[PDB]
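Taking the hints into account, I'd like the entire structure generated from these sequences.
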Amino acid sequence: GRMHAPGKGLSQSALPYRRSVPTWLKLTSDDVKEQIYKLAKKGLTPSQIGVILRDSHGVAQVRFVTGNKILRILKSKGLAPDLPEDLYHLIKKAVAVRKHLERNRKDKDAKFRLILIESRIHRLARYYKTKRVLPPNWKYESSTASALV
Amino acid sequence: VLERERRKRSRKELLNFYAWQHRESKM
Amino acid sequence: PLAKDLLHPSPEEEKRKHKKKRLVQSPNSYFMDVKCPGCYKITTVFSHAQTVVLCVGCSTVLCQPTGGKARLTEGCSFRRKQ
Amino acid sequence: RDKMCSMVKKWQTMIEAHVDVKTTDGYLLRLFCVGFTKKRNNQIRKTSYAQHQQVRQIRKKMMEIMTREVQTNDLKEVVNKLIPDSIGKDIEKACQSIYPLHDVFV
Amino acid sequence: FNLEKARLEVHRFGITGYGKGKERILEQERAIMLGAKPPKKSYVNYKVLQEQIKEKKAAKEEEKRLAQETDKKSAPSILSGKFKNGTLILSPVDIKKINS
Amino acid sequence: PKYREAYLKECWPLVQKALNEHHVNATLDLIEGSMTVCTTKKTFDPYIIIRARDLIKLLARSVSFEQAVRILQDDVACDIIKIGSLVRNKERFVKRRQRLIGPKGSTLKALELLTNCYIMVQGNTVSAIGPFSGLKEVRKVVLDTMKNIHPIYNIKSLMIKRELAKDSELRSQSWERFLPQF
Amino acid sequence: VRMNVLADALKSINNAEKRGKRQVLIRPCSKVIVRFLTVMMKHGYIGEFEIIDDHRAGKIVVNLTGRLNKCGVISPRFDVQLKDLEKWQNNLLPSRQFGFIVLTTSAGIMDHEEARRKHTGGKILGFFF
Amino acid sequence: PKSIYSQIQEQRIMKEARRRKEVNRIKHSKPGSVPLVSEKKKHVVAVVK
RNA sequence: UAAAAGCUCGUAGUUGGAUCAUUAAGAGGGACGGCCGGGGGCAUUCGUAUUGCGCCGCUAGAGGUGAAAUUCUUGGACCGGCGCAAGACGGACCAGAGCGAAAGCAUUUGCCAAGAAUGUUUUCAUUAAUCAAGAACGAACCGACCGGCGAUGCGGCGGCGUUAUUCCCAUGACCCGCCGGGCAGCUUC
Ligand SMILES: [Mg+2]
Ligand SMILES: [Mg+2]
Ligand SMILES: [Mg+2]
Ligand SMILES: [Mg+2]
Ligand SMILES: [Mg+2]
Ligand SMILES: [Mg+2]
Ligand SMILES: [Mg+2]
Ligand SMILES: [Zn+2]
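Protein chains in written order, with my numbering: chain A, 131 to 279; chain B, 3 to 29; chain C, 75 to 156; chain D, 19 to 124; chain E, 93 to 192; chain F, 655 to 836; chain G, 2 to 130; chain H, 4 to 52.
Source of the hints: derived by calculation from the structure; they are not laboratory data. Beta carbons are placed, not taken as given, at the ideal position from N, Cα and C, and that holds for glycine. Be careful, since some hints might not be right.
Below, a list of computed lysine-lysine pairs in the BS3-like style, where the Cα atoms sit at most 30 Å apart [said to hold, decoys possible]:
id, chain 1, residue 1, chain 2, residue 2
1, A, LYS269, B, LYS28
2, E, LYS97, E, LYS148
3, C, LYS89, H, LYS44
4, D, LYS27, D, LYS107
5, F, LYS736, F, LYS801
6, E, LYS152, H, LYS30
7, A, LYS236, A, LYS259
8, A, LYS259, B, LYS10
9, C, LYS94, G, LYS19
10, E, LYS156, E, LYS139
11, H, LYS5, C, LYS94
12, E, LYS114, F, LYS695
13, E, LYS164, G, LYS84
14, G, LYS124, G, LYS43
15, H, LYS30, C, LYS78
16, E, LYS189, G, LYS60
17, E, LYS152, H, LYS44
18, F, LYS758, F, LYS695
19, E, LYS188, G, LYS12
20, B, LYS28, A, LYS236
21, E, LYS112, E, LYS132
22, E, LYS165, G, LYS43
23, D, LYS28, D, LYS78
24, E, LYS146, E, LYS156
25, F, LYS820, E, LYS152
From the derived model, a few chain B residues whose C-beta atoms are all more than 10 Å from chain A [said to hold, decoys possible]:
id, residue
26, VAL3
27, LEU4
28, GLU5
29, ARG6
30, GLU7
31, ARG8
32, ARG9
33, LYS28
34, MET29
Written out as structure tokens, the structure reads:
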């Protein structure tokens, strides 16, 4: 049930029943951590961190190996993102379509898509304000959005 | 195949995502 | 309709159903060990890989991402794990 | 006119391409080609359609074959090719990998 | 020029094209729609009647394929607060009636 | 089309017999799905190939064999009218096509009797055959129906024209007053 | 969104009951659902049922015997005393010789006959007959 | 009764539908690949003994 | 007389999984991978037909109708040939197929942003549903009533065999089984 799409897809990940690390995995809980630290220093998002470990190093779930999530581990070391990843990507998309809308005055659909994107931004901003992740004075402005990201 | 990844390196390797990426940039 | 036991499904039934519509969810993917030519060091590669995997020793292109299962290079040898 | 009308059937895909190519002796020509997707002998599906990207890949291969076979030769050699339409046969052979074709003509 | 007057005159001339036998049978149909009592259908042998129905179904079926090629309860419900979607809703004023 | 392929297969022994009288050959290509007619050395009439081409066009338009062969006679002509292009909307096109046929097919046969031409409506084509003066009248009314003016006006107009032809007087005089007005 | 996992479970059992089905799968599972099923099961209305434990809220597979007429839930959850308990039975159930009303009390999730023995009232959950 | 008659007709479609789908495999696929089981012993999962 | 226009977003209100912080919902959000579409915008380009104009050839008519009449013609109408310019339109291929929130969408090529479904042992962790008010756009029998059988469009998985084959460009066409979300039929409960 997508918010702006009538169709309801079912494509998603299915976690296995077992939570124990496989025997063939030769990496330790400590050794995974600096790999996360090294890749984060390179400038990769935490969602991208898991994909690299999954594809190449055979780490199916970092939470099962180290006992902590990627964001929690990075927060402890101090490599914390300034803004939440999900909110940051939507702001980046809003800037890109807004820049495109300057040079195409007749693009009606681009105007409509911008409404949907900013609606999702306000919904996540209100939720992120409640969890005290964002200060209770942060606002999304079109001119400020370029400087934000 | 290697060339196709290198074109995608710009999008997937960010320069202002983390808080540390701002503070060492301000120096 | 045909009579099926919801508690005890048949061997061909559970492998045929969708991964989310089974009694207990179970993925259809797996991990495999691949051996590239040029150097016979073993690399662990996910079946539905989304990035090109390079051998650590010799930097040879192992697999190319596709829509579904990743396609392996010619001459490579692979084995399912676990 | 009658030959063109008879080839256009109802349950197949038509691909057309055109180029502007200059010969070695200065003659500038515009060439047109037509092709039709072909049903296999063992095929049971009623319709034989090619997807849009397959059409463009076929259309692209149409263009360079005419381009290469004219700019290298002169007007005398081009006419000798046009009499048995060896250009159409070459296009049909090259496009078998993408989608089988028949009735390819200049 | 009246369309209704013209519509009938166009119809009558066309039906004569069908033939005098077809002229008659179509004319009976028009009177029936106007309120005339239908003639009684003749009683036939049930075996013969069953075969005729089978041929009519086949005739209808073949017409469909050609078209494709060209392309009273005895008792009410005993079960019927208000119950919707598996949930029974009781009004607070109704609850006092249960208490009293 | 293939739904006509079956009927053409059985009647092909008959059509080749009819055209062999004029010494013009015919070939039915099942793989290509084509009807081909070509003249020979024995043939002596040059125009008969035009009458031969007109025949195979009618058969592809579902016109029956007995009606189709009659155009081979010199007195009869033919015309295939394409009505699909007139209306963009498909539902509007179907509605006006049903208006042309009318209730019980009466308006079509009312057209048929007044024109003295055989008319068949199939798909987006209307096939009419008969005397040349008749075919001119058919093309006007069939196209006019697609132009959103009612066929009943044209059919009633023809009836007035026929009875005026009976009366020899005022033949030179204009018929505009006698013709009905909206 | 889903409003009552108990009501949805009861509705699906009721619908499968009307269709003559032999087994029904209900999800998600809950402790309130399990206690409600056991009360109905003690009177021979459904039969044995199984709890399948995935790591997300569980699933239940229930056998059917064809003896169920109507099962439902009560939205107000009004607080009922023991002395008043008679009036709720007549105004809800069609008859007085069969049918049960399920209550949740300080003693537990328990039907109105057992409430009379324990002399305890509480909030009303649902009914079945 | 129409209740029983409808169920008999529907179940016959199901059984026959599997049969074309089954024979399309065996006619194509190699004889060794597809095992063959008798209809009687098809319903016996195991014998503990 | 208790007598017989639409469509989408969206505020208030209404209302919202499991567990005794955990899990990671056949709840929702995002990212990633290869594709897909007459979806939208900007440029570019081709095709006949029609009309008008210029020249060449020929000579009394041409057009229209039921019959005529308005009109055009020896300063050359109509007809035949060659070339140029203008306004539309995009056939046949074209399907109950596809795309879009709806209204609607069809020549070629380049560019810009957007999107559905599918694949996923990636990421967040309740962030949701319905909505008066308000905002954007806008031609000219009945009921979420469990299912089944066939085809059909896209994505994925597996496979005996045919068919082409890959410097670049590209790894397909056919047949069989299976899983999803769609456009529709025929049946059932
Ligand atoms: Mg997705
Ligand atoms: Mg989830
Ligand atoms: Mg994507
Ligand atoms: Mg694209
Ligand atoms: Mg597109
Ligand atoms: Mg476009
Ligand atoms: Mg497919
Ligand atoms: Zn190597």
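Quiz item: Which hint numbers doesn't this structure obey?
Solution: Hints 2, 6, 7, 8, 11, 12, 13, 16, 17, 18, 20, 22 and 25 are the ones this structure does not satisfy, whereas the remaining hints hold.
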